[PDB]
Amino acid sequence: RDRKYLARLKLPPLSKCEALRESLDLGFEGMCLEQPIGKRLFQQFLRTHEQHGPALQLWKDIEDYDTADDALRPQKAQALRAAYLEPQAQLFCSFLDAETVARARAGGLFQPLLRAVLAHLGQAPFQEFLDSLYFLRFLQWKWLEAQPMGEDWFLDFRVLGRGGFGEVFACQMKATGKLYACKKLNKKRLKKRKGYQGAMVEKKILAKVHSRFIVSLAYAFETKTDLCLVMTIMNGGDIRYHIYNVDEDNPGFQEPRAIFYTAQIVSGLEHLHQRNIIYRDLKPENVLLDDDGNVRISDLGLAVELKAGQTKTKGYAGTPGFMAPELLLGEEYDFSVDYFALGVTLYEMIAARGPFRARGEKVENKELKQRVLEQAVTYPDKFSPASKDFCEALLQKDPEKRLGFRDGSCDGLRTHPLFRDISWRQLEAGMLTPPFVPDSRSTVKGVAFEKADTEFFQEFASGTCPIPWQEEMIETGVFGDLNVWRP
Amino acid sequence: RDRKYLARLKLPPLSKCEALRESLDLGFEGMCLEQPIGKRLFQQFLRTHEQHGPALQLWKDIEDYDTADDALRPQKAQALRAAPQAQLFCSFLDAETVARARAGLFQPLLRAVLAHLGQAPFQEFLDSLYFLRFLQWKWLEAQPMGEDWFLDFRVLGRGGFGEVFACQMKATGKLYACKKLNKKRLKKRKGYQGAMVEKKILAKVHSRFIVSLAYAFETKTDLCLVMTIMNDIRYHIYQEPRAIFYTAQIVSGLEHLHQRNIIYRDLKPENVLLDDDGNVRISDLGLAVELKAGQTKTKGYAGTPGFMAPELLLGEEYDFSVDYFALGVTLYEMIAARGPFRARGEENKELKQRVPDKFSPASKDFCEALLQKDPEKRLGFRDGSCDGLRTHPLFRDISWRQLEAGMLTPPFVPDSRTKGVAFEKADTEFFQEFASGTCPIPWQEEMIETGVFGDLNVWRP
Ligand SMILES: Nc1ncnc2c1ncn2[C@@H]1O[C@H](COP(=O)(O)OP(=O)(O)O)[C@@H](O)[C@H]1O
Ligand SMILES: Nc1ncnc2c1ncn2[C@@H]1O[C@H](COP(=O)(O)OP(=O)(O)O)[C@@H](O)[C@H]1O
Ligand SMILES: [Br-]
Ligand SMILES: [Br-]
Ligand SMILES: [Br-]
Ligand SMILES: [Br-]
Ligand SMILES: [Br-]
Ligand SMILES: [Mg+2]
Ligand SMILES: [Mg+2]
Ligand SMILES: [Mg+2]
Ligand SMILES: [Mg+2]
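The listed protein sequences derive, respectively, from chains A and B. According to PDB author numbering, the stretch in the first sequence is residues 31 to 137, 141 to 474, 488 to 533, in order. According to PDB author numbering, the stretch in the second sequence is residues 31 to 113, 117 to 137, 142 to 268, 271 to 277, 287 to 394, 397 to 405, 413 to 475, 491 to 533, in order.
Note that these hints are calculated values from the structure, not bench results. Note that the Cβ used here is the ideal one computed from N, Cα and C, for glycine as well. One or more hints might be untrue.
[To be verified] Pairwise CB distance ranges (calculated):
1) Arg474/B - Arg135/A: 54 to 64 Å
2) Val530/B - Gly348/A: 51 to 61 Å
3) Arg103/A - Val530/B: 30 to 40 Å
4) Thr466/A - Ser45/B: 48 to 58 Å
5) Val530/B - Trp457/A: 53 to 63 Å
6) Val530/B - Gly463/A: 24 to 34 Å
7) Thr130/B - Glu501/A: 50 to 60 Å
8) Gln459/A - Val530/B: 34 to 44 Å
Next comes chain A alone, as it looks inside the complex:
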């Protein structure tokens, strides 16, 4: 917490909030439920006013119930049925409508109630909250957020890795002291290699999606030399390395780890596939690992957001030996190309070598294509009968008979027997402990800048992003330090 940069984070007077009150889109779903500080302040309100008292505590205890470890769950539910649902009880929710109330005296979830309760809280109490000091403080924070936080605010302190157009650094947000990854894209070297359309898609995606299994874009700015991206740091390296450079002699992961890492990659893929995006570049080496032992997918630079009401899209692009046959041919394909790759990853994780390819036989794109479009998958004796069946499903060629995304979900994939020792609820939660925690050991000249480029660079350098900023603020405990009334 560097004193000078920390002292910059200071709430503004109320007159500097006019503009936001209008300019801000924020209504309920976004403000009080989606945004960390908004949820915080909205609940601080609900807390301090007695009428909402029960609705808040019912709202909280449902959340706690959903992230409750299996062996507690049914106990907590009993206690919750008592505190908030029992007729003529102390914190009895009266606003709940008979039908919905008596429904929650049956069950293995409390999902109607969260809808029923937030439907309420968003209606009137939200309006009471809008006409309150808390709301005004909420703006105060939305302002502080909107202030400029560029390359000044980030101390680059280590090299996490080399990328295409520049080094990915590890860095600390000078003010709050939170460690981020800083992916730096050289301005000239982008232009020269005609990579705008990529670099941008990545910025647009990472900042658009928020999920624990994708890297999260926190900040995005330019320098006079590079376009930087600040994103959830991933010290743990990447799945490729952690096959071939952990126990070099005894290669690859054991089945529970391979499954667990797939589990997250699947959940991350789903999130992308629910928002009509094709990852297109799935492979171990772009599936990063955090300090805690969990994974997140990365390098969206060759992703593609399918268009508003678009079933499938064309385009040739990807990694050799990970590209699905229907793509390799060059036809109308959809999400099913990613799941194909997923299987190659789950194969290579366990086997320490690609499915179709041997180790040390690097070859032609037309040769490997034939090896994809026409070859049967051989599975060694390291596999279990569950894993073999899973991979086969993902590694088929025909996308109308390949396991993947169906009817808004992957639940058809999740039921597959391979996922026995898995609590999907907790996986999406964060509770589930990972099995393995890590511990690891100029240019040419020609392209000068024009007006037409810089307008992109600024449209790239969006700035600080709402939710991940608000997290950092609460995370680092600067929100506490600042959201104070009577010391």
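Guided by the hints, dock chain B with the ligands onto chain A, whose structure is given.
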């Protein structure tokens, strides 16, 4: 704290404060310095912002210094002088005034601390959540709190037009005196002009030696006044340090009245009440008179027999000097258990003509000063103060500073185990203009006192 009436005390939404923002007069001197919750919220702001950090603590430690017991005082001052290039050094202080502190009273430093705080930091504060909360409170205050909110629980005494009750503010549970004036019995006895002057005065002045008007409303039968309860010097007669102490307060109360151009006119033991702590406050202002804007002296015959000064008894241009004369009669009657001019158990024209070894040489000389006839050679109010009275030798074992404060031990704590009338618009119109309602400062006190301000001024439990 009656749950139903306590639950009425609830801060309003910010939309119900627009009106007050304009309708309220409140600027700095009044808001942040004079009003309890305003002072509170203004300080909470100063506290939560780092830049003002020192100025708030200097501002607090000066206050604490002024109310500091003699034997600590100079120690605290040294510590305060400590707290150039220092940790919480006030930089905004101007070199000249900065020196003063060393070259010794920190009265003019406070006057330059507040000069600052009221300038810019106040403007920062007006553009803050704390100011908005301040209005929230000013609104709750302005809501109607009539005869509903007061449980009458005992009779403190009988008055002219009705019984003075002891009562509790149902919501916060604070004990008040409830002086009830019967509407018909006022009118019939032509007492409006009086009853009103009293309401106007008690609510106008705020001092620890005068009763304080908290609320004032009407019922369908009476005009009520809620005021600082006082569970009287007359009864408590029928020693010199006590007589002096009681006078000391009565003088300080009289000064406050005399600095605001008012003559009490009805000074006598029996209307100088005593609180549970053992301190006194003057009372029954009904025959007072606020001298007019740029008015030296006023006429009028009114007062209590054997307490009225000669220059008044004649009927001439008189001023505050009539009160001080009475003061002396009170100090005489206190020590002697009998009036000065009059014996025990013995006409207005006779007493007018008329207008021991228990005394000390200091008391005798004080009384004689107050009990002289000629008001141009009588001890009293001079050039904006009574300091000429305060220096008189009778006030030896007296720390005036602490007397005004509240610190000084009272030399005696009491015992805690002791038809034919019709109304018109012209009347009702008065009764409403009498029934003003709840009063800013004393209300805001009650709220902090009873700790409902804490319970309500909450942010994150
Ligand atoms: N958020 C991150 N945390 C830790 N390391 C990262 C992060 N992002 C990238 N890296 C490292 O830097 C390398 C290059 O990043 P990448 O985005 O894959 O470059 P490119 O977009 O040119 O493919 C990766 O192989 C990885 O090891
Ligand atoms: N605040 C109080 N607390 C307790 N008793 C009081 C209080 N105020 C007045 N009393 C008692 O009630 C009596 C009537 O009030 P007072 O002002 O004397 O009536 P009037 O206005 O007719 O002179 C007083 O003499 C005193 O004994
Ligand atoms: Br509020
Ligand atoms: Br580190
Ligand atoms: Br392969
Ligand atoms: Br504020
Ligand atoms: Br607080
Ligand atoms: Mg890469
Ligand atoms: Mg890339
Ligand atoms: Mg009386
Ligand atoms: Mg009277």
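Practice prompt. May I ask which of the numbered hints given earlier this structure violates, with the numbers listed in increasing order?
Written response: Hint 5 is the one this structure does not satisfy, whereas the remaining hints hold.
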